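> Could you build all of it, start to finish, from the sequences and the hints given here?
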Amino acid sequence: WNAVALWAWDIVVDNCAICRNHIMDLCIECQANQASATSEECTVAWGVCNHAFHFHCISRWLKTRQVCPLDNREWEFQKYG
Amino acid sequence: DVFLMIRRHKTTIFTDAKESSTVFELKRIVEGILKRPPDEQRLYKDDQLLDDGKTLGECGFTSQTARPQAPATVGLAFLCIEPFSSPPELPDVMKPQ
Amino acid sequence: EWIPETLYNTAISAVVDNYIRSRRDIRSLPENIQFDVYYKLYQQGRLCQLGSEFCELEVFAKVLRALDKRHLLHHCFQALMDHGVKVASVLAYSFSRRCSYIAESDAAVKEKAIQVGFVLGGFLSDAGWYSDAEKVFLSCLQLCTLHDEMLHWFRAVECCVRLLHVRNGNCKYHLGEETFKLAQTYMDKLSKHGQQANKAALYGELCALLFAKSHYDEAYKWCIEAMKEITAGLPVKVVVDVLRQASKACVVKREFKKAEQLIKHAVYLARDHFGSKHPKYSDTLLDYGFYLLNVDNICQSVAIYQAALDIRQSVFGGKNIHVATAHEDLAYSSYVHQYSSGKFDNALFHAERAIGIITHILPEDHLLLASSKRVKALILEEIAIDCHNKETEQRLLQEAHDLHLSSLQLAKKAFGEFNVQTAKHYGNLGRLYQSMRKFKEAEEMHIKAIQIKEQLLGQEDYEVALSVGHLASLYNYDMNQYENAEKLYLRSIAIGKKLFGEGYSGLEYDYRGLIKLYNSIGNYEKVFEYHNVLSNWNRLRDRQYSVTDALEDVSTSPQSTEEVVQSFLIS
Amino acid sequence: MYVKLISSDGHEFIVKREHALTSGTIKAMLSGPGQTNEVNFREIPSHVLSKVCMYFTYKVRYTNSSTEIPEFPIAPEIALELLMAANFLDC
Amino acid sequence: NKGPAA
Amino acid sequence: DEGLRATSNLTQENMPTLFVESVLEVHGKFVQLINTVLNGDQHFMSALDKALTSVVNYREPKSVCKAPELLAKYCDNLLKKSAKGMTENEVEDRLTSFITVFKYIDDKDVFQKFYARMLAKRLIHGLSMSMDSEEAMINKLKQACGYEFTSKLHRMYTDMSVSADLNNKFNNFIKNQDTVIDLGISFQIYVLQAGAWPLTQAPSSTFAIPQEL
Ligand SMILES: [Zn+2]
Ligand SMILES: [Zn+2]
Ligand SMILES: [Zn+2]
Ligand SMILES: [Zn+2]
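Residue numbers (PDB author numbering), protein chains in the order written: chain R, 27 to 107; chain M, 2 to 79, 88 to 106; chain K, 7 to 577; chain N, 17 to 51, 57 to 112; chain O, -2 to 3; chain I, 321 to 533.
Some clues are possibly wrong.
Using C-beta positions, here's what the derived DEER-type ranges look like [claimed, not checked]:
(1) M/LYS19 with N/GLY50: 27 to 37 Å
(2) M/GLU59 with K/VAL125: 40 to 50 Å
(3) N/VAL81 with M/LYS46: 23 to 33 Å
(4) K/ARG443 with I/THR337: 46 to 56 Å
(5) I/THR499 with K/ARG443: 50 to 60 Å
(6) M/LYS19 with K/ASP154: 24 to 34 Å
(7) I/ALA440 with N/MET17: 46 to 56 Å
(8) M/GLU59 with K/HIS199: 21 to 31 Å
(9) K/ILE230 with I/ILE419: 30 to 40 Å
(10) M/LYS19 with I/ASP502: 58 to 68 Å
(11) R/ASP40 with I/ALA440: 15 to 25 Å
(12) K/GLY324 with I/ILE419: 47 to 57 Å
(13) M/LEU88 with K/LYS118: 26 to 36 Å
It is worth saying that the hints were derived from the structure and are not from the lab.
Note that beta-carbon positions come from the ideal geometry of N, C-alpha and C, so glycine has one too.
See below:
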């Protein structure tokens, strides 16, 4: 039985809270430098606040502030892709 | 769709009909309440009798004047339309006293 | 010498102290009396009682007719918006609510609503609350398209010219095109029925919308179209608005001679009718200082923005969007003026205020933040370079790196990938990545900034020359392939002297680049020559740089209203 | 199938049954020994009831409307008395 | 030198 | 004026193929005219490019332009394997000239929506001229138009390339569990990204497959 498949991440808000772009698409960091040589590792990461953010975006946020952008709670990763 | 009300003495029928709906068939709806023959009753918009052959859209009861917010009015006879009431007037406040 | 208080002013304070008992009967006072009662409430600091009656449209209708003391209403209106209560939002909603109630009513009552709508909508447009002025104008536009009469299309075109103005400042450019197309429907209908409506202000608004979207070829085309239909019978506010936004299109078209004759007359005409402390006058200075910013009039470009901000600050209270845009230009003007000195003390404070004002009143995804956060990020970049502590440098560069991409994403959504502003951020990122030691990413950003900005602007443009200099400054230091920068630097000086002459600020970092390029390979027959070029550079611009501002430069204008219009049009 | 409505002045407001399901108080008139069903609505005058049953036609047609719903105009003079019926009828 | 024009 | 006359006898049965060939004939002859008797003046070439922009981007009064849809259909009408009358070597030469008529499209954004949807129906059915032609198609678009123009269109390809590996990994998975698991039928899958493929539409209706799947 042939069948199509459509996949999306477990996030529901459907938007990154830092890059503001669509969560299915690349982050603003990876949509400027290389959209083909870097898109294969542009994953996302969840957290204890259940807020899946672009991995590049969340790491870039954690470079200075170690608090979740949506709600001011300490940001701890819980699952990756 | 066309919304309108009819008043004979104190009644008010909030019925709906298509923009191309005629006059003859809506009298059956009126017959369901007043229990009166459709040929005996006659309706009167702006002091003017409406023919049965012409539709609701051919007499001026179009959608923009028959909105579901402020529909057009039309009388009824077999005119003795009673006004609803006088609302309590509000002072303009901005007007000097 | 103790002049006794006027009985007019003395009686004002006599009823303000008894405001609560006589609150109802103050609204029955004449308009000249009524305004001074309210202005005294602000002066006493009783903003709550002041805001207790401006929230009504009818009360604010009488107050809006004090045309002489409009400059005091703006200062009180902004005070309420910093006080709390959203008097801009409730007035717009209340007007829009009552506007729909007279759709089936007569045109006699209806025509009063458009008159109320234009004075209120124009005031909120002046006060900067574009998000609330749009809801006012959309309501009065609806009335003009209900009963088909020759006067109704005469004011429906008057809504769309101002609807397109409250959407240019609100960064709703996507809906701006639809309003212009909707404008042409009534404009052409009026033209068919024996009335050629004046297409001067309406065509003048595209001189800013297309300018904002970097459609310089299309904006300059509409710059010519808007300038043709000007008429001496037009209102002075309408006339000066055309000249300001027509002059801006000429600056980006790399034309300087015809731009200054337009904008200087715009400054002169605005100062004459309105004055030196009017919001429309300050709106001209920001557009006028845009000319001085690009013609390397850097010394007075900061002053003209500083003068422009002080006009708005004296009239537009505290947290107002117009003050932030005035803060925005002054923040960037000090950024390029203090580049060599590094004194970005007031530059960041103006930039910090620019972020502070906008975030309170505009949504977080509004495009004006992208313009505002870009300059503050440029402030943070040069600050980290100047600071001695490396721990401070690594944090502030990342903070600037946060702002650029957040700004770039907003530009990408609203302007598309192939636009100057998106390529403008690419040039910033390339310079930023040089400080971030991401040289390979810097090379990628610079080639993006030069293959896109040059692609649509052309081979000869001011900003394209700077984008070459960013990548030319790259190969000199990090990549160390001086052969690549030899051709790149030669392009930077080439375009620099076409319009700016030898004494240009960016060319100093360009002539020094050639010597630094030549110093690596041991070349010295040009280093001695280019050292004499710097000596020529160090003197010739400073020979003609003596202190001279721009308010007395324009002075009285020998040029009249028609003397400027025809001169620009024929040439 | 048809629900009547009398007023203070005796005005008749006979309307369609399912247009009155929005307000649960009208269903209380039909419920109980009330089950056209005779109803007494004396305390609320006719002119304000001319807008109460008017809202019913606006309510039922726009239930899950694809287009944006225009606001229902409520005159400022009748604003005070109509809001009385809104709480009384839970509409 | 300093930066791009806004 | 000559361009509009070329796209005048609009044969409804073969609208897209005749459209691109007519413009190619005008462009392919006038590129010689500017070069065989005139010098290669950029002023004249700019006029030709400006003029061919006008004829291709022709809007009927109170109507949308016909250019984006026909160019989307032309690529589909040739990359489809039904027309077995030409080879991939002829495809590359034919579609290289398709770039020239593509550069005159004012609204290239709406062409992407029309092409991606047309590619979506074509690609998931397993019918195409060849897979490398699809790779070459998006390769030429990404360099002629822009890097991020074919962002979702690049992900239209490189999805069934990893589906074969995913199917083999699924075939590896089905043969490495502790028990014996059989699906009862030959199962073939290919997974799609939500933000790239236009396959969302409006799935307002649910579904419940019976026990056979
Ligand atoms: Zn992100
Ligand atoms: Zn990324
Ligand atoms: Zn969170
Ligand atoms: Zn207060």
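> Which earlier hints turn out false for this structure, listed by number in ascending order?
none
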